[PDB]
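S.K.: Using the sequences and the hints, build the whole thing.
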Amino acid sequence: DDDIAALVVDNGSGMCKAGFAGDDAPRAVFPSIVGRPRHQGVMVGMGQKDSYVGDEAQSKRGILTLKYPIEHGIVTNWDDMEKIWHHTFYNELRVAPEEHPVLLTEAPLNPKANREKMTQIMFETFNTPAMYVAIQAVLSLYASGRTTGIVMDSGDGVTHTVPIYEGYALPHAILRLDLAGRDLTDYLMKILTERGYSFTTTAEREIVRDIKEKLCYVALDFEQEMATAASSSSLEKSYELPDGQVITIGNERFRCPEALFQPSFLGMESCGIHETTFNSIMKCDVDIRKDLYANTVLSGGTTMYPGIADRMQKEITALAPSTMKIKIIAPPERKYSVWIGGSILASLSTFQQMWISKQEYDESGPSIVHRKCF
Amino acid sequence: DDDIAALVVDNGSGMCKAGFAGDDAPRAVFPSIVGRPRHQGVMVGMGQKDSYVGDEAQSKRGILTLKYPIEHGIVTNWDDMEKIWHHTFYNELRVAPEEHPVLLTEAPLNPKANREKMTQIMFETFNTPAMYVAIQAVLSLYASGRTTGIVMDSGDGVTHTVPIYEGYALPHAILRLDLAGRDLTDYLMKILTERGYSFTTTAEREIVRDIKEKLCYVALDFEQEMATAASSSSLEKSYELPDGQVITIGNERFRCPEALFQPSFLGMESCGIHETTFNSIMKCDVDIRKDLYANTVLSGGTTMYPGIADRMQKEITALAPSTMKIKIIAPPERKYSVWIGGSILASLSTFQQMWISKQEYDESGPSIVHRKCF
Amino acid sequence: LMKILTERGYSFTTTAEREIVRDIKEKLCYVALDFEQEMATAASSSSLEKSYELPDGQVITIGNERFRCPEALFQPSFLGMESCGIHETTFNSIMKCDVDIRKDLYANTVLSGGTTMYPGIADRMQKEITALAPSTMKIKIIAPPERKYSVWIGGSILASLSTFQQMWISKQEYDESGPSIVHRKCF
Amino acid sequence: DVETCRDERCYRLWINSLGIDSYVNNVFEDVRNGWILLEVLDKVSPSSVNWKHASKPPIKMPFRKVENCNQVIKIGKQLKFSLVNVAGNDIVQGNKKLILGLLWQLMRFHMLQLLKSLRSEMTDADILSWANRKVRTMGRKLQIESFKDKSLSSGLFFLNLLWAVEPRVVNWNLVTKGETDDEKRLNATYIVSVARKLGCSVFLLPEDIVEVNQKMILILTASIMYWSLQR
Amino acid sequence: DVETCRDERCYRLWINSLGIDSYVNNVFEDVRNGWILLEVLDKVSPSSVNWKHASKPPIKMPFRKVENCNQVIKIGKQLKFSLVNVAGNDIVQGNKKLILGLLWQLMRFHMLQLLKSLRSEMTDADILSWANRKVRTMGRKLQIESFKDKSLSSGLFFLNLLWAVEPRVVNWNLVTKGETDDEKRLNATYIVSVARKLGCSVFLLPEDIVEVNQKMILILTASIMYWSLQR
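Protein chains in written order, with PDB author numbering: chain A, 2 to 375; chain A', 2 to 375; chain A'', 189 to 375; chain B, 388 to 507, 513 to 623; chain B', 388 to 507, 513 to 623. A prime marks a further copy of an entry chain.
As a list, the in silico DSS-like pairs of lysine-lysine whose alpha-carbon atoms are at most 30 Å apart:
hint, chain 1, residue 1, chain 2, residue 2
1, A'', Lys191, A, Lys284
2, A', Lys238, A, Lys326
3, B, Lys484, B, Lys540
Quick caveat, the hints were computed from the structure, so don't treat them as lab data.
M.R.: Quick look at the structure:
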C-alpha cells in the first residue's frame, strides 16, 4: 500500500512513464527526449545539468543535441540516462531508491552489455533492494491476446524479431537490427538538407522528427512509387517552420521508411525487416512455424507508418512457402500498455520471487540479468 | 458394471485406445505418437513433462523427437511409455490402477524382456490387482474368420510370422524381424534428404510419415520398376510442406517398402518378409503346412502398401513347392479390432482365470508372463 | 563466434572485419574437456581472457567464448540444431557397419579437415567415444598434425596413372545417363 | 459431434446443483475465466483452492484469467487427474476437449469421494447396497446390480426407493410403466421433481435416467440416501 | 485539468495548517514571490533557509522575487528533490506544473521526516502501528493495512481512534455509517472538527478522507497521535 510497491519505470525513446505498482496509470509521464548540450552548458539558475529531459529540453532543442539518451529503444548515453533516472525518483515520484524494488523495461533484443550496465547502475549507483528488467512487448501482452506468434518490435534504438511459443521468447531465434526510428529521423534530415534545406537550429533538429512522423509513408512498390512521385500533382506536401518558412516534401516521404526494407539506403549491409522476421521463423521448431506465420504482430513507434502492414504482408508472402496463411497483425494501439503491464506484474505476490536481489547481484555480479530475466 | 471391469489398453505405434471391458468402442483414442524433447524441456504451464502424447505432441513435433515410445510395435523408451500409461488412467479414463485388472496388448513376436518390463511396471509401479498381455492379431480374430493359418504382422517396431494351429500360435516356428513402419519412415527421409531435401523442423520429421503412408507403393518387379521410374512421365508425385514449399518423389515411393523384401537396402543382414513367412512354415508340423500356405494373412499398418499382397504372393509362390495352392489374405480392414477383441475377452467370466495376479507376480517375479500368456 | 562476440556489445560492422572473426576463431578457440568445469574455469579467470586487435586499432577481449565456440560441434543445441554432436555420429556409423570390422573402426578413428584443428579435440573426442563404446574397446583416436597439400597431390598421382582413364565419366556417358551417373561411378 | 452437445448439458446441470455461487448457462463459455472451475474444485475437494491467488469476475485483465485457469490445472494434476500438453490458457481458449475431460474427472472424483465417506470410508458399493436394501424393507423384490443397470431407464426402481423413503411424496396413479420412450421420459421428469421435493439438490436431466448415465445415477441415489438417513 | 483545481485546494489547506505566518488564499498566485515557499521549507526542514538573503513582502522589486525563488529551488535540490529544467523565475512565472511538483515533494518529505522522528527514527509504519494498536485497547477489532486503505473513506476508523484517545469528544449519536457519499461526507467533516477540538492543527479537506488521500491521512493520524501521547 503505496509505500511499498515497486516503481515501474518505462524507458522510451520519446517518453518515459513512471509510477507505482498496483496503479492504473503512470504518475509521471515526461519527455526523454533527453538532450545533452554537446557544448558544456548550464544556465546559472540550474546545477551543472547537462541532460535536460522532456519539455525543458524541447525549449532549448535548437541549442541542444537530443537522443530518443535512448535511441531506437537502446541507450546510447549512459550518464544522461543516469540523470533521467535520478530525476524520476528524486524529483518526479519523490521517492527513495533504497526502499523500493524497480521494474525497468527494456527493448526487445537489447544488447548484452546494456542489460548489465542498467543492472550495474541500479544496484551500485541507486542501491536498489531489487530489480527486474522486462522486454516492453511482453508487458503489453500481460496487460491485455495471443500466446504463440512472432513480434517485430521497432522502437527508437533497435528492432528485433522474437519468436514466442506459449508466452516464452525463443532466444536462439531472436534477431536484432540496429536500425529503428532515430536512424529514420536522421536519414530524412540528410535527404531534406541534400535538397538544399537548412535544419540549422537545435529545436529544428527535432523538427525532422515531426515531418517523419507526420508525412512518411511506406510504399508497396518502391519502384512504381518513385515514378508515382514523378507523376506528381498529389505527392508533395508542405511543412511550416517555427521560423514562418516552408518545406516541401515529395519522394522523401516514402524513401525514408524504405531504409527499413533496404538498409543499403542507409549504407548498411543489413537485411531489411522483412527478411529478419523470415530468418527467425526459420530458426524455430519445425512444428510452430505455421503458428509464427499466422501471428506476425508488429509493435513499437517505427511500425506506425501507413502501408507497413501491407508491405510487410506482400514481402513475407514472397519469401514464405507457397501455401502459408500469412496474417500480419497490426493493432491500431501498437499508448500506456507497456507501463500497466508492468504495474500488474510487479504487484502480484508472484513477482517477488522473480527479482534479482541486492544479495544476488553481489553473489554474481551484473551478468546475472541474463540468467534471471528469461 | 463399470466400476469393475478390466481396462483394455491397446498400445499402438501411432495410436493408443483405452476403455472398459464390456464396451463396444474405445473411450479414449489418442496420439502415441509419443514425443520426448531430446533437450530437457517443459513449458511453465506444465509439469516437468518430457513425453507429450497424441496431438499436444503434433503441435511441437518440429521441436520434439517422436516415437511411433512405441516403434514398429515395440517400446523403445520406457519412461515415456510410463508417462503414457499414467495419462491413460489418471487423465483419460480417470481411473485408479489398484482396483482394475488391465489387459495390455502387445506386438506379435514382442521381445522377452519387454514382456517382463511391462509386467514389472504394471505391478510394482501401478500396483495392478492383475494383468494379462495379449498379442494384438489374436484379439482381432476373437472379435470377428479363421483358426489355422499364419499371420504376417507388421507394425511400427516389429514384424513376426506366427504359424497358428487351431487358435494356438506355435512358439517354436514364430520368427521376429526388427524392421517395421519406423524403419521405413526413417529410410524414406534419408533417401529424400539425399536428394538435397530438408526436413529440418520437428513437426516436419513427422511429415515423412505422411509421404510414406500416402505415396509409397510396393513394386512387383523392383528391377523393371526402377526403369519404369526412368520412363517417368507418371511416377513423380508432389507433396506440399506446411512451409508452402514443394517435394517431388519418384523412385523413392516404391524403393521405401522394398526394404521389407530386401533389408540390405537398410544395411541389415536380415532375410526379407517373404522368406521369413516361408521359414516359419518350414518349422511347423508336416501335416499343417498345406494349411499355412492356403491361409497367409497379413495384418498391421506396414501391410497397407499397394502391391504388397501381389508381391507377397509372387514371392511365396517362387519358394513354395511347385504345387502348393498359395492364398495370401489381405482383408481391407487390416480400425478398432484389437481393442474390441480385448474388451470381449476381458469381460468373459472365463478370463478371470487367465490373468497373472499380484500374488503370482510375487510368487514368481516378472518371468511368469512367459508362462501364462501362452 | 561473431554472434556471441556481438552479444557482448561488439561491433563487426565492416565487411573485411566479418572475416576478422575467422582469425579469432582459428587463433584463440579451444575445445574444453569438461565444458562444465571449464565454464567455472572461465569464472576463475586470470588466464582465460585473451585479446585481439582490430585493423581499426581497437581491442577485443575473449574469454568463455573461446571454448564455447567449438562446443557447438559436440552439442549442436548451442546452435539451435536438433543434431547429435560429432562424438555420437562417429559412434552411430560404427554401429551400422559389419559386426567384424567395428573393432577395427574404434582402433582407427582419424580426424581430418580444418575444423579438427582445435586444441583439445583429440582428447575430447577420445573421452567421449570412450564413454559410449563397450567397456573394453581399445579406442585410438588419430590426429596427425598435418590434418597442407595432401588432397591436391593425391589427385595429381591418381589422375596421372593410366589406370585412371578407365575411371572417369566421359562426355558420352553423361549424355547417355544424365547427371545422376556421378553416383554410380564415383563409388 | 452430437455427444458434445449432450455433455454440455450434463455437466452444466451437474455444476448448477453443487451449491456453487455462480450459475452456468453454457459450460464451454462460462468456464473460460477459470472462476467457476475453482468453485467446483473447492466443493469437491474442500480447502484445495487458494483464493488469495484468484480473481473474482467480472474480469477484464487477461492475466487474471490465465492465472485462475493455471491454478485449476495445478490442483487437477495434484488430484492425480490426467492432463497432458495443456495449461491454463487452454481453458481460456475454450478447449472443449480439455474442458469436458476435466469436468468428467471432477464428476467421477466427487462421486468416489462421496461413497468413500460412507466407510467405517464410503464407497459407491455402500450406496448401491443401501438403495437395494431400502427397497426390500417395503416388501418389494426389484433390485439393481449396479448404477449402470439397464432396467433403471424405466424409472420404476427410483420411484419405489423414493416411495420407500417417504410414501407420501409418490402418487402411484401418476406413475407409468417404463416401456415406451415417452413413458420413461414421464417417470424420469417425475422422479427429478419428487427428489427435489424431498430436499435432493440434484442437477441431472430426466434423460439422464432414461439413458442410464451411471455417474448421475450414483449421485441421485446418494442424495436420496443423504436425506433418508436424516428423517 | 480538474486535478489541478483539487491539488490547488489540497496544498493550500496543508500549507495553512503548518503553523506558517502567511495565509494562502490561492497557492498558484500567493506562492509567486517565493516567501511562503521559504516558510514551508523552514518548517519542514528547520534552519534550512537563510533569511539574510531573502526579502519579506510586500515586494515591488522583481529582483527580490527571483532571489527568493532561487533559494527555494536550491534548498529543494539540496534535499534531493527532482527539479529539472527549472529555476526561481519558474515559480515567479507561476509554472503550475513545477509548483505542484515542488509542493508534493515537500508534503511527502515532511511526512517521512515525522515518521522518522518516531524511531528509537520515526517512520510512517510506526504511526500506522500506533493507530491500529490504540483502537484495539478499546475492544474494537477494526484495523487498517495502510493509510491508503479504501475502508478509510467511511470515517469509522478515525472516529473510533478519536474515541479511543478521548471518548468525551465523540458523540456517536452524531456519527453515521460510511456508506453513501453523503454519509461519508458528514463523518469526514465531523472528524476534521473533532480532531481540531483536541488540538490537531490539520488542514486536509473533508473530501481528503472520503477520497482517501494517503499523504493527508498519514498527517492527520500522526497529529492525533501527537496529542494522544501528551494526555
